[PDB]
Amino acid sequence: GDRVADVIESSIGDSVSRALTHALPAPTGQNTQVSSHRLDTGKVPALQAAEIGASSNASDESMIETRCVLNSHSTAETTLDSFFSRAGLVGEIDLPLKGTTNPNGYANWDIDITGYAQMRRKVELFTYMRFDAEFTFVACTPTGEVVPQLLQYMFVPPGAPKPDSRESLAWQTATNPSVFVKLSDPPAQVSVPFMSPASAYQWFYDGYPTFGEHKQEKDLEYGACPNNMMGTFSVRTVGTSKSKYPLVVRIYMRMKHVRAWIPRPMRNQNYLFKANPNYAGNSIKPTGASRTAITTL
Amino acid sequence: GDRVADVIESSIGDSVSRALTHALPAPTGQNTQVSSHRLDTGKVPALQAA
Amino acid sequence: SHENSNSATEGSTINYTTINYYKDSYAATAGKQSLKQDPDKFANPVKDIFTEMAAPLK
Amino acid sequence: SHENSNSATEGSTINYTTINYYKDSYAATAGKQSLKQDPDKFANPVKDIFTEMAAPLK
Amino acid sequence: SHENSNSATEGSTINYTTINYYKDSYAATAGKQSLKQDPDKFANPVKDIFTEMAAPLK
Amino acid sequence: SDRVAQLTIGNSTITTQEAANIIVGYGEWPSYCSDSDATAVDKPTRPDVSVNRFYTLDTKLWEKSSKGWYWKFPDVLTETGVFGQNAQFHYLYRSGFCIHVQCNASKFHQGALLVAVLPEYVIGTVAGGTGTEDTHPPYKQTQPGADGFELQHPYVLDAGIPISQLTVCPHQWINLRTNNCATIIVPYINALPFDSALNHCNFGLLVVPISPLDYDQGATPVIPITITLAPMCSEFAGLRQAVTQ
Ligand SMILES: CCO/N=C/c1ccc(OCCCCCN2CCN(c3ccncc3)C2=O)cc1
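Protein chains in written order, with UniProt numbering: chain B, 566 to 862; chain D, 566 to 615; chain U, 12 to 69; chain C, 12 to 69; chain L, 12 to 69; chain Y, 79 to 323.
It is possible that some hints are incorrect.
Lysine-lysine pairs mimicking DSS-like chemistry, simulated, CA-CA at most 27 Å apart [what the hints assert, rightly or not]:
#	chain 1	residue 1	chain 2	residue 2
1	B	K850	B	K839
2	B	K809	B	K687
3	U	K58	B	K608
4	D	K608	B	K783
5	U	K52	U	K69
6	Y	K218	B	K783
7	U	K34	B	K608
8	B	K687	U	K69
9	C	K34	U	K43
10	Y	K218	Y	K121
11	U	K34	L	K69
12	B	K850	Y	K142
13	B	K780	B	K850
Just so you know, the hints here were simulated from the structure itself, not pulled from any lab data.
Input sequences plus hints: build the corresponding full structure.
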């Protein structure tokens, strides 16, 4: 039980975050109202104070004499699902015959979509994102040919044994989900849920994953958040003998049921690495085109 | 007949000139009222802006 | 239907209208979203709101 | 159904009867149209209409 | 429907919600199970149950 | 009446006679973690007045050639007062913040600072200039402590992103002819209900001159910029021995 006044009148513990704004339905662009001339003192819509941090509240109606316009232009194509639910390339896997990389007929792809600029720049507009996804796998030879070859795709979550060869015991796949498909079949396609231990994935993590001294040799882990590491995607030609053809698997991702928080400035320098925002210091370019003078087009 | 809103809500054609002042009867000079001392802040009759 | 509520948007402020044939709802289509917007959250997050007609600083 | 009304004929004078399986109605079939006609618009756009029995100019 | 009740779980303590297109119910999907649990059967199979607050042996 | 203000919290009070209102980031006030959002089971400690108060941590000198600076939160406070002690003794932490950046001059000086809050402000390097070296920023640059750190390339915010779009984040400007301070209130921002005050910086505070400082020979040339901030609704959990990193 409580008794001293400061404890009784305390606000310690208030879990309801007071919000200063609320969403309103807006299926179409705003209409324009008829306006006429105003010759007033005191009333001054055009004057603002950008220092405050808010955007101008001046509208067409108060800056010029407007007519009435019934605007029925839709706002549907700018919803997050409209913008993001379009499949784009996020990974590529090579299974060559006589090669440098994967000459063993199998390959492990680390599930990270930041290796491709188009997709990466789009998602990086937001800090946190939560979504389900549809992954499609397009396989063919390097010339775009289709051959009668059977493949096995397996999702290996963190902690499950990664196959180390085309004949690894891990392909028994008694618990991991696997897909068996021919190159001649249409592209394999599946639905993936939101799997992070966190409420959302985050494209930016300003911190370290562990405690301790953060010396030179460990600086590679700055910005690394395990909540974003969903595992490995493994692929192999299904057989005990080497395949007769070289293969390429392109991975497409289509987000769906998307939620996003905290928008940020959009990337304006070329990407160099997947794990970080490093940019080439000797090639810092302006965000856009330039001209010779401010008084000429 | 009219139909578009800007035409309906138009003031084009108003022939009545709005007057900000009006005449009052004044057959004699204005009288003088008794007044006393005022020692106020805020009230300032003497100050003008020509 | 009588499926698992495991979609990423389960319990969201906006309601969706989707299609599905599996017991897990995250397998469903993207569907149509609800068209609500809240520009002020980003464009006008001031404590004491000022009018259009007023002088912002006084 | 509960789809987007983005067909090219949305809000037309004639009603169609079509089939569709997607959320966007422009994906729908062509269907059957309504059989209305207005020949006069092109064949008889005169201000003061004259009869069949009458002499057109008098 | 009007199918044979030959599923391996026919007459089980938990009810399932499955899909099927054949006359034999064992052909049906795995579906969703009922979420009942009985830990005590393995973790606390004592004849005379003791409280949390009490001293287990007295 | 919008230019004048008083901020009182704990045993500290701030006054200003040339304010430009107050920004409440993303439109919401700091609040404690609800019983349904929470996951850790221990009863938290909510020290109240001894940690939710104003701390004046640093002063930088604004110069005609300054590039701008940044500080990381809660890093700037991990070693200060009762707040710091709690952040060190506990694994879990969460709180909001009231940031008050100060800078006054004279009616004859000019210049404008952009003051903004950028969540998950990840720093990048210049990749050896040519972009072939995969370098990484050192601890002293990612978590600069109370001294903050000076931006190397403000145009791209040392992270490959345009400062021209930084206004999409909660911000205010200190335009000398108008105001002498910026006040921004930020709620807890993270994808988790609580987190480590040591390993993770929830957001960065950027103070960058966009319109350079200027004045005529003879006017006071030393124009300081001071950073004062207050935690709000601080909560801590997962108690053990004190740890600095
Ligand atoms: C039979 C096997 O089929 N399974 C296919 C499969 C496909 C995708 C899959 O998981 C895809 C998760 C995509 C998450 C991508 N994210 C989350 C955030 N993130 C990230 C990357 C780099 N830095 C920060 C975050 C990412 O790259 C699992 C299985």
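Okay, the hints, checked on the actual structure:
1. B:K850 <-> B:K839: 20 Å, holds
2. B:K809 <-> B:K687: 39 Å, violated
3. U:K58 <-> B:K608: OK: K58 (chain U) and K608 (chain B) at ~22 Å, within 27 Å.
4. D:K608 <-> B:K783: This hinted pair is violated, its Cα atoms lying about 73 Å apart.
5. U:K52 <-> U:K69: Within the cut-off at roughly 24 Å; holds.
6. Y:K218 <-> B:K783: Between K218 (chain Y) and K783 (chain B) the Cα gap is close to 13 Å, so the pair holds against 27 Å.
7. U:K34 <-> B:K608: 60 Å, violated
8. B:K687 <-> U:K69: 41 Å, violated
9. C:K34 <-> U:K43: 8 Å, holds
10. Y:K218 <-> Y:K121: 34 Å, violated
11. U:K34 <-> L:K69: Violated, at about 52 Å.
12. B:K850 <-> Y:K142: 24 Å, holds
13. B:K780 <-> B:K850: Violated, at about 32 Å.
Hints 2, 4, 7, 8, 10, 11, 13 from the earlier list are contradicted by this structure; the remaining hints agree with it.
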